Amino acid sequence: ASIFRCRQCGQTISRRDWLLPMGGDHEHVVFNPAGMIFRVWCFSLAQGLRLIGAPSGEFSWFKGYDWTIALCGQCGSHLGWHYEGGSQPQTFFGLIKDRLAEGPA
């Protein structure tokens, strides 16, 4: 249980070593304006994603950061968001925990 893959197709996405405790915790539970709840895990790094559109500040869950939707680069599953435009760190990924599968490297 050391890397995270896309639950839908198996694309390699991130690693447990890359987990990032933003504000004290790598886990943040959030809702969007449609009332969907997401359990977001913050990672310093990820791969195999495809970032869509240009960054937006609207309704950002992390103060000072602008977000872009992150899809799985292989299957197009919505895996979370890439955050940028902030400070310490300038950028990071917030990935939806239950859309990943964890397993050996």
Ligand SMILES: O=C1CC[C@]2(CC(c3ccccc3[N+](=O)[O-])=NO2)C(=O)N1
Second form
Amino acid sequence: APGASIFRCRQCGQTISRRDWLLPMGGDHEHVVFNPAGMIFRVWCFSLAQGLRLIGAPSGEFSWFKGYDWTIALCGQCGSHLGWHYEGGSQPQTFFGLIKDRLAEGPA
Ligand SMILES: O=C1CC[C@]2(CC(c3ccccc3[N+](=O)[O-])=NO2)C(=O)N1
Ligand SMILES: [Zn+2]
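Structure of the form deposited with this ligand bound (previous: the form solved without this ligand):
Okay, now the whole complex, with that chain kicking things off.
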């Protein structure tokens, strides 16, 4: 009866990811970054996610991860901005960077 195994959208409950899918990119699953507007994000990297809607085509502009292009990842249910999908890189080619405090963790 694990209580901390699934991540859901904090706004609506959409199933998004799993603790088992956390990915230590450069040795840590947690990365703290700012966008050009100075907004701080505490980002968890996941090998896999579901329930998102990836918006538009990838961009390398101001990418926080060397060699990856990003696409905005909304909650596919409620449209909450949950993070980014990264692609175009190497080992791995793709991953998800999700904003920790926009998810809720709970039982399967
Ligand atoms: O890895 C990333 C993804 C999020 C982003 C990219 C970004 C941005 C940069 C240029 C144009 C538009 C956007 N946007 O997210 O809408 N703002 O924050 C950033 O700085 N780095
Ligand atoms: Zn949602």
